[PDB]
Amino acid sequence: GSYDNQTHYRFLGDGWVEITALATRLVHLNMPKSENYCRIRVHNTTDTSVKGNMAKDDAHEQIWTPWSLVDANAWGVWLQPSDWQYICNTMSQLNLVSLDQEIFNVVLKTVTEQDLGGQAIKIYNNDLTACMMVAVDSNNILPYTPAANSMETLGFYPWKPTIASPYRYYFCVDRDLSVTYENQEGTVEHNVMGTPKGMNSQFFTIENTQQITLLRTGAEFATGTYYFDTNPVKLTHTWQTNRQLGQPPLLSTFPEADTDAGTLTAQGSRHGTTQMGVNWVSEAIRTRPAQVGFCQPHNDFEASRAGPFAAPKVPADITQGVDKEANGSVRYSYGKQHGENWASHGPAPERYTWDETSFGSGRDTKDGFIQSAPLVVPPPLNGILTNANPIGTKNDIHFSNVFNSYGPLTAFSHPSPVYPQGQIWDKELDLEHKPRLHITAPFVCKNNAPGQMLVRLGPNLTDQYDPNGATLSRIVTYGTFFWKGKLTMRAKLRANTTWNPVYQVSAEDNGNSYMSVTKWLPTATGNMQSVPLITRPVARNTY
Amino acid sequence: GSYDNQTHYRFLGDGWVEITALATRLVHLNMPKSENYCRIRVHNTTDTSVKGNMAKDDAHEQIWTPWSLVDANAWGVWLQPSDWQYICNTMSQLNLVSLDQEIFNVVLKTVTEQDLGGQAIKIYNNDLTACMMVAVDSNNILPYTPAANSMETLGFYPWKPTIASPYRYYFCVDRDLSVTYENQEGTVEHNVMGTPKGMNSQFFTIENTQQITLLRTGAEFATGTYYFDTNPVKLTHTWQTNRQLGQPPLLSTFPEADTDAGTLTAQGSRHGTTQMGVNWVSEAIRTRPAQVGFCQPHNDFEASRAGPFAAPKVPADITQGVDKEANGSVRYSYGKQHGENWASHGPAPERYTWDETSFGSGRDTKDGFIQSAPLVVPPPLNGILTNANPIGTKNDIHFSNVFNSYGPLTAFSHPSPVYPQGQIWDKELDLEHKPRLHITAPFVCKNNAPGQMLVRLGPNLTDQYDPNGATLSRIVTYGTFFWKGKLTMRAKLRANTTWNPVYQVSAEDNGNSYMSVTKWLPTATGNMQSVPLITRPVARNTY
Amino acid sequence: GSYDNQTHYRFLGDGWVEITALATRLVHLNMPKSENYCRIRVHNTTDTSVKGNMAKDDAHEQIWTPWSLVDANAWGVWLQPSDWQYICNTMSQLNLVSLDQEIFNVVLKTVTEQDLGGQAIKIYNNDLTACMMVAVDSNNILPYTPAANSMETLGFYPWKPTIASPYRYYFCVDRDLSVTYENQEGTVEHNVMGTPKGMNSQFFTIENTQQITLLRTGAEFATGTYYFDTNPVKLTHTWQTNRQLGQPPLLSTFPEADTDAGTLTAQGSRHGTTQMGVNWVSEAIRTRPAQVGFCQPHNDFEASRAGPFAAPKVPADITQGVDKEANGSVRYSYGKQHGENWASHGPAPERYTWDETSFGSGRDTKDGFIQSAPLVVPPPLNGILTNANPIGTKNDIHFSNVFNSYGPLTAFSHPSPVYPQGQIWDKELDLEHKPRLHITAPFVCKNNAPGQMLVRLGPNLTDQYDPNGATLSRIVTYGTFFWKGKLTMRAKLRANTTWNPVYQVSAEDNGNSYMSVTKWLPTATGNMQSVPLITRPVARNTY
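Protein chains in written order, with the authors' numbering: chain A, 45 to 587; chain A', 45 to 587; chain A'', 45 to 587. A prime marks a further copy of an entry chain.
Misleading hints may appear alongside valid ones.
For identical chains, the list gives no copy identity; a pair is met inside one copy or between any two copies.
[What the hints assert, rightly or not] Result set (DSS-like, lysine-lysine): computed pairs, CA atoms no more than 30 angstroms apart in a straight line:
(1) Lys241 x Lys204
(2) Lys95 x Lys368
(3) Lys380 x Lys241
(4) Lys153 x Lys530
(5) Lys410 x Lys241
(6) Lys368 x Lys478
(7) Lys478 x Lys77
(8) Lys357 x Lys410
(9) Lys410 x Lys77
Keep in mind the hints are simulated off the structure, nothing from the lab.
Produce the complete structure using the sequences and hints provided.
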C-alpha cells in the first residue's frame with residue numbers, strides 16, 4: 045500500500061547503472077457493455093466501395109471480450125521527461141532486467157438514483173462484497189494485443205486517473221478487395237468478407253484458459269518478478285553512410301587557407317579496389333566492407349488472405365532530399381491521456397512524424413540511379429535508369445518504388461525508442477523463421493512475454509434474474525484500483541572520446557523551438573503535454 | 045532376424061511422447077547393367093532446339109556407378125496412414141532423435157536356362173558362396189543424392205517387395221542455352237554443352253572411399269544408431285496474416301442484431317501509428333511488428349554456369365484468388381510403389397499439387413499494388429502500379445513477377461511435411477553461408493547426415509575371363525535381402541485452449557471427398573493407394 | 045477464492061492421463077416462494093380425460109421443499125467443447141477418480157423501494173448479517189433427485205450466472221388410469237388419484253436429517269474429496285453385428301477385377317455348425333458365440349401402482365431401415381442455459397434425438413421375422429411370422445412390439461455419454477437385485493453417491509412477526525455465491541492398430557454440416573449454443 049512513483053539510479057562499479065523505474069496509477073474500471081463474448085464483423089462498405097480506396101480499408105472481424113487489460117507497455121508510464129533526458133545524454137546502452145506488478149486498494153462502488161429538486165442525482169454507495177477478477181496470462185495462451193498500438197496504455201502523468209483498455213483479439217476470416225485507381229471506369233470486382241473457416245478458428249475465453257484471482261474491496265494481488273531475456277538497445281546514433289567507411293584517399297595537395305579545398309591524386313593513377321571494370325577508382329565506386337542501409341520498396345500494398353496491408357519499412361533517415369514515407373518514418377497519433385495538450389478542444393488527435401536519428405541508413409530517392417552492366421563514365425540516355433523514368437506505363441511510379449536492395453551484406457542500425465508514446469517490449473512471433481527486428485518495440489523478448497494483466501468487474505445481479513429469456517439486468521457498478529509496477533533496467537555510462545562537445549538534449553527558453561520548456565510545464569489551468577524527446581543524442585562510430 | 049514393422053508410442057511425463065517408428069522391407073537387388081563407372085552426357089537436342097523450350101531442358105552429365113542405394117528418406121516408410129493421423133491430430137511438434145539401420149537375411153540366387161516342351165524356362169538355384177557388398181557413407185565423402193527427389197525410396201506398403209534405387213551423382217560440366225520465346229524468328233545462339241573442366245572435376249568411386257562389408261548368404265550387417273541434431277518442426281499451422289497482428293481497433297457502435305456490423309471510430313480521429321504521411325490511420329496502413337510472408341519473384345529462370353533453372357520458392361498459401369505457382373505449391377509425381385492406385389494401367393504417374401496450410405504467408409497476386417511515394421487516398425492513374433500494367437514492353441509479366449519483397453523483418457512459417465511422398469532429412473549445403481531452410485525436407489541436419497547405405501551384388505565370373513579384351517561375361521545373379529530401420533522421434537502432446545472444436549483429420553464415408561476411406565482400403569483384387577494427408581490440422585496463434 | 049475453470053491433463057506413464065477438470069459458476073440464489081414443506085397433488089384432468097391420452101399423463105404428488113440444490117451432474121459443467129473433442133479422439137476409456145466441491149464469496153442482498161420521478165426504483169443494499177444455509181447429503185438419507193433429468197443443472201458457459209434448481213421429491217400415492225384408444229365409445233373407468241398410504245409415506249425434512257453449515261457474507265464452505273468407485277466407460281464404439289462374429293467362409297473363386305464378387309463354396313457342401321435341422325450351412329443360420337443386441341418390446345406402457353409409464357429401452361443403433369423409437373434413441377429437450385441458441389425467442393425448447401453409435405446392437409424392425417419350428421428354405425404363407433402380420437386383431441401392432449428376445453447370451457455395449465446435456469453419475473437403486481445399467485448415466489456408483497448439495501437463504505423477518513396467525517412477512521432477499529468443483533478423471537490413450545485413418549471429430553467450415561464451426565462461436569451479439577458432439581468416433585473390435 046505505497047504510492048512509489050520515482051526512479052532510482054543505483055551506480056554499480058565499472059559504470060553499470062541499475063535504473064529501477066516505478067509507476068503507480070489509479071485505474072478507473074467500468075462495467076462492460078455486455079458480459080458476452082461476441083465477434084463483430086467490421087466492414088466499411090461506405091468507404092471502400094469508392095474507387096481507389098484500398099488504403100482506407102479497416103474491415104476485419106474481432107472477438108470482443110468482457111475483459112479489459114492493464115497495459116503498461118510504454119516508456120511514459122515509467123519515466124519522467126527529465127528521466128529520459130538523464131538516461132539518453134549519459135548512458136550508452138539500455139537493457140531490461142525484470143518487471144514486477146501489483147494491484148492494491150481495490151474499491152468498488154455502485155450508483156443509485158435519488159430525486160432532488162425535481163431532477164435525479166447520483167448516489168455512490170460502496171460495495172463491501174462485490175469483487176473484481178484479475179487474470180494474468182503468464183503462459184501466453186491468449187492473443188498478445190499490445191495497447192500501445194491503439195494508444196490505450198496507462199496515462200503518462202502520475203497525478204491523473206487512468207482508464208483501462210478493453211480487451212479484444214482478431215478472429216481470422218477472409219477478405220478479398222479489388223484493386224482500382226482513383227477515377228477508374230468500371231466496378232469493384234470483389235468487396236466480400238467471408239465466413240469462419242473450420243481450419244483456423246480460435247475462440248479464446250479468459251475463463252477456460254486463466255486462473256482468476258478474485259479481489260474484493262480491501263484485497264491485493266501481485267505477480268512476482270517476471271525476468272526479461274532481451275538484447276540491449278543502444279542510446280547512441282550512427283552517422284557513417286556507405287561513402288564514409290574505411291580509409292579516406294590521401295591528398296596530394298593540401299589547402300593553403302581555411303577556405304580552400306584539398307585535391308586528391310588523379311583517378312587514373314589512384315590505388316584501391318573497385319567492383320566496376322573501369323581503370324580508375326573514385327570515392328563513389330569503391331569496395332566497402334558492407335552496405336549501411338537498404339532500399340525498401342516503399343508504399344507497396346501486399347495482399348494476403350485477409351486483405352491489403354502496407355508492407356512495414358525499417359525506419360531510417362529522411363536525408364536532405366526529404367522523404368519521410370520512403371524511409372519509414374512512423375507517424376504517431378496520440379490522445380489527451382498520452383501527450384496531447386489538454387487545451388486542444390477538438391476531435392482530432394495530435395499527430396507527430398517520428399524522425400529517425402540513424403543518419404547512415406537513409407536513402408535519398410531522387411539522387412539514386414542504376415547504370416548499365418558495363419560502366420561508362422558519362423552514361424548515355426538509354427544507359428541509365430534514373431529516378432525520373434516511368435516504370436511500366438505510368439508516371440509517379442519510378443524504379444525506387446519497386447527496387448528492393450536488401451542483401452547478404454546489408455547492415456542497419458536498430459530503430460530508436462521514441463520516449464512518451466513508445467512501446468517497450470513485444471513478443472516474438474510464433475513462426476519457425478522469426479524476423480530480425482520489430483519496428484514497434486526495441487526489446488523483443490526471446491523466450492516468453494510478460495503476462496497480459498486482464499481485469500474485470502464481477503457481475504452483480506438484481507433479484508429478478510432469469511437465465512433463459514433474453515435479458516441480463518444487473519446493478520450499475522464501477523471500480524477504481526491502484527496498479528503498481530517496477531521495471532528494473534540496466535544501463536552503461538558513456539565514455540568521453542571526442543574533442544568537441546557532443547550533442548545534448550537541453551531545454552531552451554520560452555520561444556518556438558522544439559525543446560521549449562513551456563511544453564513540459566503546466567499552464568495557468570493545468571494543461572500538461574508530452575511531446576517526443578530525442579533518444580540518441582551522442583553519435584557513435586560505426587567503423 | 046525379426047520383422048518389426050509397428051510404431052510404439054512411449055508417453056513420458058509432461059506430455060513428451062517418444063515415437064519409435066520401425067520399418068522392414070524386402071529389397072530386391074539386381075545385377076548392374078555394367079560394372080563400370082561411366083559418365084553419360086545427357087543432351088536433349090530434339091527438345092530444346094525448339095524456340096521457347098528452356099523449361100523443357102533436362103540436359104546434364106552424370107557419373108553412373110554400379111552401386112545402388114537403400115534410401116529410406118520418406119515418411120511413408122516408417123509410418124502408417126493411421127499413424128500420421130494420430131501424430132498430426134494429437135502432437136504439437138515433432139523432432140528426430142536417432143536412426144538405426146540393419147541388413148539381414150541376405151539371399152543370392154542365379155538363373156539358368158532349361159528346355160521344357162520346346163521352350164526355355166528359368167531355373168533359380170542358390171549361391172551359397174556369392175556375396176553382396178554393403179558400404180555406408182558415415183563420413184559423407186560421396187555426393188548426397190536423396191532418392192526422394194526422383195521418387196525412388198523404399199515402398200510404403202510393408203507387404204510388398206521393394207527395388208533398390210541405383211546410385212548416380214552429378215558431374216560438373218558447362219551448359220549455355222540461349223533464351224528465345226514461343227515463336228521467335230531467328231535461331232538458338234547457344235545450345236552447346238562443354239567439356240570436363242580441370243578445376244572442378246570429381247570422380248568418386250565407392251571402392252577407394254568406403255569400407256565395404258561383404259555379406260554372404262546368411263550374414264547380417266548393422267550401423268549403430270546415428271544420432272540426429274535437427275530442429276523441431278511444428279505440427280500446428282498459422283492463420284494470422286499481416287492484417288491480423290496486434291490489437292484490433294475499438295468499436296464506437298456495437299451491432300444490435302446478429303447480422304449487423306460494428307462501426308469503428310472515424311479514421312481522422314483514430315489513434316495508433318502509421319508509416320505513411322496521411323493524417324488518418326486505418327487497418328491497412330498501420331505499423332505491425334513484422335511482415336508475415338513475402339513476395340517471391342515467381343517463375344523466374346536464373347542462368348548459372350550449368351544452364352537455366354527455376355529459382356525455388358518458399359511454399360505459402362494459395363489465397364482465394366487462387367495462385368498455386370506464384371506461392372510455390374510443390375507438384376509431386378509419384379509411382380505405383382509410392383502411392384498411385386495400382387489399378388492405374390497407364391504410363392503417366394499420379395500427380396498432386398501439395399497445398400500449404402500456412403494461411404498467413406500467402407500472396408494474392410491480383411489484389412497487390414504499389415502506390416506513389418506520397419500517399420493520396422484515391423490514387424490517380426499514374427500514381428498506382430497495379431497488377432494489370434505491363435512491365436517492360438510486354439503484357440502477362442506484371443510487377444509481381446519481378447517484385448522481391450524479402451526484408452529484415454520478414455517472418456514466415458516452416459513448410460509442412462507432406463506425409464507419404466515426403467522427405468525426412470536433408471543435409472545442409474557445404475557453403476560458408478547456408479540457407480535458412482530447405483523446401484524439400486523439414487529436418488536439416490546441423491552436423492552430419494546419416495550414411496548413404498549403398499549395396500551391390502558382387503561379381504560372379506564365368507570360367508573364360510580375359511581382363512584385357514573388350515568383354516565381361518558374368519553369371520546372371522539377383523539377390524534379395526531384408527532391411528530393418530528404426531527411427532526414434534520425440535513429440536509433444538497438444539494443449540487444449542480454444543472453446544470451439546478444432547479441426548481434426550477424420551475419414552469420411554465412401555463418397556467423393558478427399559478423406560474417403562475407400563482410398564486407404566484394398567480393393568477386391570488388392571490395389572492399395574496412398575494419397576497425401578494433412579499435416580497441420582489444428583491452428584496456433586502467431587502473435 | 046480462485047476462479048479456476050480450466051482442465052489440466054497430466055500424462056503419467058504407460059498412457060494413463062489424469063484429467064483434472066475444474067468448474068466455477070456464479071449461482072444466483074433467490075428467496076423461496078414459501079418457507080413451508082408442502083405436498084402438491086398434480087393432476088391433469090383436462091388432459092387425461094380425453095380418450096387415448098395415457099402417454100400424456102404427468103399426474104403425481106411431490107413434496108416441495110424450501111431448499112434448492114446445486115447439481116453439477118452434467119459434462120458441460122466441467123469440460124469445454126474442445127476438451128470433449130480432445131478426450132474422445134485421443135483417449136480409449138474414461139473413469140472417475142474423485143469429486144471435490146466448494147462454496148465461496150457468499151454475498152446476500154436485499155431490495156428496497158424508492159420513489160424516483162413518480163415511479164419506484166429498486167435499491168440493492170447489502171446484508172452483512174444475513175446467512176445462507178448449506179446442507180450436503182453425504183450419507184444419502186434424502187431422495188436422490190438429479191437435476192439433469194429436468195435439465196436444471198449448472199450452466200455450461202463459464203461466463204454466465206447460474207440459477208439454482210429447487211429441490212423437490214416424490215411422495216408416493218396411488219393412481220389408476222384406464223386404458224382407452226384414440227376415439228373410443230364409452231368413458232374412462234378410472235381416473236382417480238388416491239390418498240397417503242400409512243405403510244409407505246416418507247416426509248423428509250432437510251433440517252431434521254442434515255448438518256447445516258451457516259454461511260454469512262464472507263464465509264466459505266468445502267466438502268472434502270468424495271472418492272468414486274465406478275466402472276470405466278469406453279470411448280470407442282463397436283460395429284460388429286451378429287453376422288460379423290467369427291471366421292468368414294473361405295472363398296472358392298476370387299474376383300478378377302475390382303468390381304467383381306467372390307463366390308463361396310456351395311451351401312450343401314460347406315462346413316461349420318448350425319442350430320437348424322437343414323443339411324446346409326449359410327451365413328445367416330450359423331452358431332455364433334453370443335447375440336450382440338436384443339429385441340426390446342418397444343413402446344409398451346406398463347402399469348404399476350402409480351400409473352402408466354413407458355418401459356425404458358437400452359439405446360442401440362437406428363439401422364438403415366431407420367427406427368429411432370424402436371431402439372431407444374433418447375430425445376433430449378434443453379433450454380437456453382444448457383445449449384439452445386440464445387437467439388431463439390420462443391417458448392419451445394430446442395430438442396435433439398440422440399443417435400447411438402453402437403452399430404452392432406441395432407434391430408431393423410422391418411427385416412426381422414420368425415419361421416416355423418422346422419426350417420424350410422422358402423417358408424410358406426403360414427410358416428413365417430413376418431413384420432406385416434397383425435398381432436391380436438389389429439394392425440400397426442406387429443410381433444416386434446411384443447417380442448422380447450433378451451437371453452442368457454445377449455451381449456450389448458454400454459450406452460455412450462452425450463457430451464453437453466448428459467449426466468455423469470447416478471446412484472444405484474436400493475433394491476436387492478439391481479439392474480445391470482442405467483440409461484441416464486454411464487457411471488453408476490457402486491457404494492455411495494456424492495452428496496446432494498442443498499442451499500437455502502436463511503429467513504430475514506420483519507419486526508411484526510406473529511408465529512400463530514396465518515402470515516409470514518419477511519424482507520425480500522437474494523444471494524449470489526460462487527461454487528467451485530473439481531472432477532478428477534483417469535483416461536487411457538488410444539493405440540493405433542488399423543491401416544486406414546480412423547474417424548475423428550473435426551470441425552468443418554461455415555456451411556450446413558453438423559460440425560459447422562459457427563455453432564461453437566458467439567455471434568455479433570453473443571448468442572452461444574452447445575449442440576451435442578459425438579462421443580465414440582474410433583471403432584473397436586468386439587470379437
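Hint check:
When the C-alpha separation of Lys241 and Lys204 is checked against a cutoff of 30 angstroms, the pair qualifies only between copies, where the shortest distance is 27 angstroms, while the shortest distance within a copy is 44 angstroms. Proximity of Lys95 and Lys368 under a CA criterion of 30 angstroms is satisfied in both settings, with 26 angstroms inside one chain copy and 28 angstroms between copies. When the C-alpha separation of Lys380 and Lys241 is checked against a cutoff of 30 angstroms, the pair qualifies only between copies, where the shortest distance is 26 angstroms, while the shortest distance within a copy is 40 angstroms. For the homomeric pair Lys153 and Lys530, the shortest alpha-carbon distance inside one copy (28 angstroms) is at most 30 angstroms, but the shortest distance between copies (32 angstroms) is not.
Taking the closest pair of Cα atoms, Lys410 and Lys241 come within 30 angstroms of each other only across two copies (22 angstroms); inside a single copy the shortest separation is 46 angstroms, beyond that limit. Taking the shortest alpha-carbon separations for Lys368 and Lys478, both the intra-copy value of 27 angstroms and the inter-copy value of 24 angstroms come in at or below 30 angstroms. With identical chains, the CA atoms of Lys478 and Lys77 are never at most 30 angstroms apart, being 38 angstroms at best within one copy and 50 angstroms at best between copies. For a Cα distance limit of 30 angstroms, the shortest separation of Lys357 from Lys410 qualifies both inside one copy, at 18 angstroms, and across copies, at 22 angstroms.
In the homo-oligomer, the alpha carbons of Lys410 and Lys77 never lie at most 30 angstroms apart, since the shortest distance is 53 angstroms inside one protomer and 40 angstroms across protomers.
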